[PDB]
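Undergrad: Kindly produce the complete structure, drawing on both the sequences and the hints.
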Amino acid sequence: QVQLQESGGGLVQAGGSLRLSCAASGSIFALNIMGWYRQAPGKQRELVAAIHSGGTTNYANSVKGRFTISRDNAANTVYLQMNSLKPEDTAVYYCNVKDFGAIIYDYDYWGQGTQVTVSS
Amino acid sequence: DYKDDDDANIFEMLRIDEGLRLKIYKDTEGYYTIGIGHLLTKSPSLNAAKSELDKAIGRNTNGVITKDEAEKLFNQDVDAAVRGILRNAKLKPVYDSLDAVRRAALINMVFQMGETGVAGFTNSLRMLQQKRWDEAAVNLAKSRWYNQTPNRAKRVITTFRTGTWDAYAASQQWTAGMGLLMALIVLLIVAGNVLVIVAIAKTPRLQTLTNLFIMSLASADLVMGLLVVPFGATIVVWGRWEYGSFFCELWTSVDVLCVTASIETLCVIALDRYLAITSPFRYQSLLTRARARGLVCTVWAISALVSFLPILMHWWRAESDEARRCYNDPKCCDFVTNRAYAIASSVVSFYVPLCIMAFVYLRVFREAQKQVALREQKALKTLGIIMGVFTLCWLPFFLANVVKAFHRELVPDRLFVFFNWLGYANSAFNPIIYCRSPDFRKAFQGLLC
Ligand SMILES: CC(C)CCC[C@@H](C)[C@H]1CC[C@H]2[C@@H]3CC=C4C[C@@H](O)CC[C@]4(C)[C@H]3CC[C@]12C
Ligand SMILES: CNC[C@H](O)c1ccc(O)c(O)c1
Ligand code: NA
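In the order they appear, the protein sequences are chains B and A. Taking the entry's author numbering, the leading residue of the first sequence gets 1, the next gets one more, and so forth. Mind the numbering: the second sequence is residues 884 to 1255, 1316 to 1392 in the entry's author numbering, read in order.
Hints were generated in silico from the structure; no laboratory data involved. For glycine and all other residues, C-beta sits at the position ideal for the given N, C-alpha and C.
The calculated DSBU-like cross-link candidates involving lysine-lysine, where the alpha carbons are at most 30 Å apart (straight line), are: (1) A:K950 <-> A:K886; (2) A:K886 <-> A:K938; (3) A:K955 <-> A:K886; (4) A:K1085 <-> B:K43; (5) A:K906 <-> A:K950; (6) B:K43 <-> A:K1385.
Here are some chain B residues pointing at chain A (derived, C-beta under 7 Å): (7) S27; (8) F29; (9) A30; (10) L31; (11) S53; (12) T56; (13) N58; (14) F100; (15) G101; (16) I103; (17) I104; (18) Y105.
TA: Next comes the structure, spelled out in structure tokens:
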């Protein structure tokens, strides 16, 4: 039913920038968390930026300041404007959505992923 | 001793009316007794009661006897009642004319009220002597006896009116019928709740922090179905408490314990989700591991303080004749409490958790419409069940609980017990309502194959 599209991935030199865009179709509950997760080869999955339907943020402290996550007014899309890239950020970035329609538990929507490699 | 087939019928009559105990117990005056109300001694020595029992039975019983031995004792009591009836000029003419079945109804009355008490029914006894069954049944239905003990008297009067055992045949059919329904209710509570407990303990994905609260709910509901509901079913199918005064206090405490823990846990779960659904990031940081174990311990500590402390300290006791009669009678385990405990327990168990859950889940509805076909419908029906099922199950009881304490005549005991079983039924509904996640489903299937 619900599918989320994943744009903005690519390869760039060290010190460049990117702009990830995630558009989620289908119907979702008003209270949610749109987020981005990354997994480099080896180490397991980690979070970078999550944004709540109210506006509250949460950035991994190895990532805050350089990265900023945002939402679109009247659109189920999340934007991760990322800058000051470093070679330790080579990972597939996943788009996650937390649905709260069932009040008792969290219902995860994952994405396929976009490769992001950054040049020494 | 010598038994008859008539003798066994009058035994099964009072087995239903008064109960059967195969182990020495205490009557309303504290005197040791066995069988169907066979007084052993007025001595306060249990060994002395055992000596009297062994002399009468003809065996070293050590306090425990068989059914046949209880019938030996019972038939002796019937012989003595009959000899009394024959020495009394008010009861002998009526007795001599009655058939065997109606003859057992009269002996039943003498066992309940005494020879002197029954001889005061001058006009009913004359009507019975003249075989005027319907007119005697009408007059007896107007008696003080009928108003004091209606169920007993309905069965005895039906016996006078019809000369049959139908009132006791119908009671026994009802007893087995409810026992079936009770065992089913006990099965659903225990199975559903033990299934949730093991699913959490054998799955690392389910051992989240919110589900730690749901384990508290499932445990408070598990003791509900293992200790509270089964013994509460004995009072419904047998009409009496069969386990002595001491276990009546404990059972009553375990019930108030689990009911308090279960509902307040629903209150904590209601708060938990509110924080995670509204401020999920301050939620994940402030609610630590030990803080979650801090709430559950607080809930159970409050539950023990409102159940074992006041009930065992006799603070919950009312001071009417109706209440003091039930307290002195080990066979009575009704919930008769005073006004203070009825309100204080209702507030701590139901009304405070109701107000929090109502306010919390109403605000989740509010902030959902502010930040807006739409999925708002699927989440609204979900809230409608979480509060609808909870309110529907316990609101009738805790309204009657507070009212009945002030106006004892407004809430019939039958209606009062029924409302309490609606609340008992919530312990089966909770695992259906709160364990509906895909993680539980993948685990529930994993346990049943
Ligand atoms: C939203 C929730 C908290 C509302 C429930 C309030 C309950 C507790 C209210 C509603 C009706 C009230 C009862 C109405 C009438 C009487 C008779 C009175 O002579 C003594 C108090 C008593 C018995 C009240 C006790 C409190 C009561 C039961
Ligand atoms: C035996 N019936 C007790 C009932 O379940 C009950 C539970 C909690 C209470 O606070 C209360 O006043 C009554
Ligand atoms: Na009692």
